[PDB]
Structure formats: structure tokens, C-alpha cells
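First the structure, in the form of C-alpha cells, and then the observations on it.
One protein chain omitted, others in place.
Naming follows writing order (A, B and C), and every chain is counted from residue 1.
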Amino acid sequence: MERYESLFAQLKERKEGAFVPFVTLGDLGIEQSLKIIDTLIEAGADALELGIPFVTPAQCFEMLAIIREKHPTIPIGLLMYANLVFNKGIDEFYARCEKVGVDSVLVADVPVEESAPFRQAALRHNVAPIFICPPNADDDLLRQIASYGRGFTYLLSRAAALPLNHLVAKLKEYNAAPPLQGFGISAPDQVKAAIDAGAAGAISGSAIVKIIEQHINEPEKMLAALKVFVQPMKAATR
Amino acid sequence: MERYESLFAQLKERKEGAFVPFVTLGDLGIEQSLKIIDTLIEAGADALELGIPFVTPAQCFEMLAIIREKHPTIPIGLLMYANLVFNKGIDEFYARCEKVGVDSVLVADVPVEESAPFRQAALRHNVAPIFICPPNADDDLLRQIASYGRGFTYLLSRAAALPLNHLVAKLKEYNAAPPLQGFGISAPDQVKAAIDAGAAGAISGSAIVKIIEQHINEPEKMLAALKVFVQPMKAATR
Amino acid sequence: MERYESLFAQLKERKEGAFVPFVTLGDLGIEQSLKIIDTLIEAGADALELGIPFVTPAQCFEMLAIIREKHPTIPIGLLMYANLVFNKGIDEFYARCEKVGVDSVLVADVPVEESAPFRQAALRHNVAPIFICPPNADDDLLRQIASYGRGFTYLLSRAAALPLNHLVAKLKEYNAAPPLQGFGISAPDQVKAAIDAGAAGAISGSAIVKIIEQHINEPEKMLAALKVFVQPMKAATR
Partner (left out) sequence: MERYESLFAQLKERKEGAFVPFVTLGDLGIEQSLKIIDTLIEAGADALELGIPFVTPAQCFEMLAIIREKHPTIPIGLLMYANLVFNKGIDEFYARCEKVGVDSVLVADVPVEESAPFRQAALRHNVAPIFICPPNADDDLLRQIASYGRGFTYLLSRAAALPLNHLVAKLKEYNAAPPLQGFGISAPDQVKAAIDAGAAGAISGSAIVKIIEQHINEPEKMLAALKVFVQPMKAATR
């Protein structure tokens, strides 16, 4: 299945960009985590990028399974570190992702030059291998990233760096998967600027979501609190 | 009302910088806390920055009301964490601040990028939203901070970092609210250096004030003890 | 503790207004007075407003202590005159109120402009200072009343006067404590009209309660007599 392919096609028909929140797992229990994720989706998230920081990883996969069960169409991407993959085998890790329904995997600490085993395991298990594209990527790197990646291309957060328009223009020229500008933390105007420069959307972490995740246990209060921050981010993609 | 606006205008006419002590609430009871604050004002404080650490918060607001009642002209700024605001609603929190007479609010753990709801609630309730400016703030951040803030701009404590003169020079170039160099703990010479570099003044916490707050209950003894430390700090702003 | 805060929160969750009878003390002895108050509560009163007319005041405070002991959750507000407070000291009076469990104090003959010492003593002793809001209150007065009051705002009885909706709308705009329309004497339809106009409830005196207080000594007969008048008043708040 190709959840990213379908999401991006649906977004274009609407001249919309994608807003993808990044949330790290491991802090609170399954129930609270599931509430936060459920609320972000109801609040307007087009896709999800979930991190398993450098709650056990096994429980995080049970959470991914529960999310997939409740939201069959939303693209779910995982961001993790190599040590986790090595723990029980590369092929085994990607088999587990395929099993639970993970759409993409970004191994954060693996340089593109040493990515072959990870990307091949991904392809063999119908999981999109995600690559990070730096601001100052030369023509070669861009051709490689466009060639190896699937799902979407992760643009590293800004802060010689090529202007967003150029980098995106080139990636599109080399048939790379849709570029999503990464942020870590961002404002609506920054998301709008990324999309105006041609990005397919944005992936951003957030201090507020983490604060709400803790401190707020009521579903209704959580939804009200998140809408205040998520709605303007999604409105910046239209 | 604009207490900061009037304080800074009066300080300029005197070629003086502002000395703003930062004191955390929550340790001792209302009476002792009120004594310490009363003494700092009699000792020479131009404004006050009060923190509600991460005595209940409700009692802290009663204290703020009592302080405002006794000192109608002195600017009172609050420094707190998002969890407190979320406890009963963002708008509700700023409404309560306006009600008691708080002049500014600095939500310490909220990045500028996710500040929209807090700053808009501040604006709607006549409370100045305060922003923290890091040493190595790029041109963008400076334009944003200058645009969103009111009352004063909080310069994060030093310890690539731009030299104080530059950072201040730029902020003034972008119409930002008066910059106050933050410290946590400082000496008279450090305050003087901040003002000589163009800062409108300094905000500093202190180990001595906390030691006096505890251990000394006599108003006369407290005043004598504080003057020894406060007078030289204020003398450094002239 | 915040009995008013909790009462109003519970009433909203039920889309109900508050019915608060006002009863003057001083006529009959402790036992009969306690019976009347006990019956009004059993009959449906959400809170109580007790007056110490312009039985000694000391006995009235013993009664307040006995009422608080028997009804730990019901808000108890006192309405009295300045001469009483001055008799043994402002701070001393509010200390005594806090001691017995009084939730609010309304000093009827003190204008808002000369209220500073009374409201500050209230704040220092965890007692809500109540202010009277006239029908034709200008924007200033409304801002001041909203700023100084706590617990609830007392709307002076009607009989240029601003229409109830407006006055309430503004008070809510300035974060004032929940407005209760005062009456002295009222009918169910009048209470309903006050709540439909946005008031949080009504405070009303009554000729019937006083007649029952005298003439009826039997607890069963008293309860039956009061229910006839109280139930419809409370039904008007739903």
C-alpha cells in the first residue's frame, strides 16, 4: 500500500500542503499517548511522524499497531536510531514495521553513504526508506537522495545553504519523493513560507504538544488546547 | 495602563538604567514575602519580576493583588511555566493577571514559535507579553521578538553569541521593547557593563535575597541587610 | 478554600443559576435562627447571605460557626455595616470571619472608593470582598468592581440604567466575579429574567421567610411552609 502517494495526490487536488506533527514516544503510558495522537489527528494532522528516542520500544510498537488500527489511512512514519535496529536485526526490524503498518522509516543517525542495508530491508518489506536532505546538498547528494528515497524527502531544518526554492526545484528535477521541510519547532508563517517556496509540506516538533501531553488528561480539554495550535499550522498549508 | 512605558521614560530623563530584582514566590508565607518585596522597593528596585516556580498559585495571586494595592506605580512582571496557564485556560489566566494588576507575563518554557495563543491573550487583556532573546539570535528572531513583545525584551543570560552592543543595537533598530539583560545572579560591575553596552537595565535573581527572606523576620534588620546589596546594584544603573 | 468557585462550577455543569436567600439575624434566638437556615438549605438554597442589621453580634458569629459546622460546603456570605467592623478593628473582624468559616463579606455602607482597607484585610484572611454594582455603572466602575471583587459581584436592585444584559456582558468582559442580581424581595419570574439576561443567579430577601421564622416553631411545619416558596424560586434558576 502507498499511503503517502495517496495523501499527496489528495492534497494536490486541493492545492494544499501537508502538516505533519512530530511527536516523541516514551514519556507517558499507552493510553495518554494514544489520546494525544488521536487529538492531533482530529485537530488537523495530515500524517504523523513518531520518534522512538535514543515505555519500552516493544510497547511503542504496540502503540503503532493501535494507531494503525484506529486510523487506517493516515501515513505513519517512524524516526529512530540505528542502535534500535541493530538490537534484533535490520531485516527483523523492518519486518515488524511492515507487520504493524508503519509507512516509512527514517534512521536518523545513518549517513546516506552507509544506508544500503537499511534501505534494502525497507524496500523488501514495503516500507518507505526516508532520507535527510541538508540545506547545502550538492548535485550528487540530491541525485542519490532522489534515487534512494520513497514516501517523502526530509529536508533538514535550516538553523553555503542553497535557497529553499532551488533545493526543492532540483529535487523535483531528479524525481525525488515529495519534499517536506523539517523544523523541530515552527510557526504558521514559517510553514507557509516553506510551501510557497515549493515544499510539499512541513514536519515539525513542538514544545506545546509535549506540555499538553503532560498536565492534561481530559480528552475534551486536550482537543480544545491542541486546536488552538494545530489549526493555524494547518491553515498555513492551504 | 502602561507602567513600563512610564518607568522607562522617567529613567531616560534621568539617564538611568533600570534595576529589576527577580524573586521566586512559594517559599514562605504571604506576610514574609510581602515584607521582602516591600523592602526591595524601599531599597531601590525600579520594577519587580516575580516567579511562580515550576504557598499555592492562588495565594501567589492574592499576594500580587496586595503588592499592586500598596505600590500602584511599580511595574510588576510575572515569570511562570505553561503548565500553570493550561491548568485553567490561557485566556482565563491572562484575565486574572489583568484583574490583579500584573503588567507583564513571561511564559518561560514556551518557544517564540508556539507563542501565538499566549501573546494574543496577553494583548486582549492589556498585559505585555515578554519574550526571551538568546545571545546568538539571528536577524529573523530579532525582528519577530521586536514585533511580538511589549513592555521590555528579556535578554537571556550569557553563560556564535553576538556582542551585547550589537544585539541591543539591532533590537533598537527593529523597534523592540526596551532590552533588559537577564542574569539570575549578578554583581554591580556586570549591571554597569550591560547598561554601558546600551541595555535599558538589568533583571537579576539573587542568593542573598533568598537567604535574607529566610532567617530575617525583623523589618528594620531586613531593610538594613538588603540596602547593603541593592544600593550598589542601583548605583550601577546611574 | 473557594466555596463560591466550586458552587458556580457545579452550577454551570448543570446549566443552573444560583438562588441565594438573604436572611437577617438578630430577631429570634440561636435555635430558631438555626432552624430557619437549616430549612432553607433543605428547601433548595444554593448559598446563604446573612445580615447583621445596623441577639448580639458575638452570638451571631457563634451561629455562623454552628452553621459552618453543619454545612461544610455551602457558601456563607455576610452583609453588615462599617460601624461593626470598626468596633474592634478591621483586620480583627476579617480574622474572625476567616476563623468561623465565612466565605465573603459585603460591607454595605462603604463606597468602592474607600474600600481599600476592607478589601485588603479580606484578601489577607482568605475572605472574598464583595462589591455592589449599581444599574447605571460607568465603564470605569465596572473595571474597578471586576478588579477588586471575588466570589461574586452583587448587582444592586433595579428599583440612565443600563439593561441587565449589557451590564452583565461588560462585567464578564472585565473578568468580574459571577454577577448575582440582588432583590430584597422577588418572584420566580424575576429570577428567571435575571438569569436569562446572563446573571449567574439571584440574591433575594423575603417577607415570607421572616413571617415563618416567627410564628412557626415546628421543624416539619417550617419545612413544608418554606418549600412552597423556595422550590419555585430554585425552579426558576434551572
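Rule of thumb we're sticking to: a contact is a pair of C-beta atoms (placed from the backbone, for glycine too) under 8 Å apart; a residue touches a chain by one contact, two chains touch by 3 or more.
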- request: Tell me the shown chains the invisible chain touches, ordered by label.
  value: B, C
Query: Any idea which of C:87, C:165, C:214 or C:217 touches the chain not displayed?
result: C:87
- prompt: Any idea which of C:29, C:117, C:184 or C:219 touches the chain not displayed?
  reply: C:117
Query: On subunit C, what residues meet the omitted chain?
result: 82-83, 86-87, 90, 109-114, 116-117, 138
Task: List the residues of subunit B that touch the chain left out of this view.
output: 72
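Convention: only the chains that are shown with their structure count from here on.
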Query: Between subunit B and subunit C, what's the gap in Å when you average each chain's C-alpha atoms?
result: 39
Statement: subunit A to subunit C, mean C-alpha position gap in Å, rounds to 57
Query: What positions in subunit A touch 2 or more of the other chains?
result: none
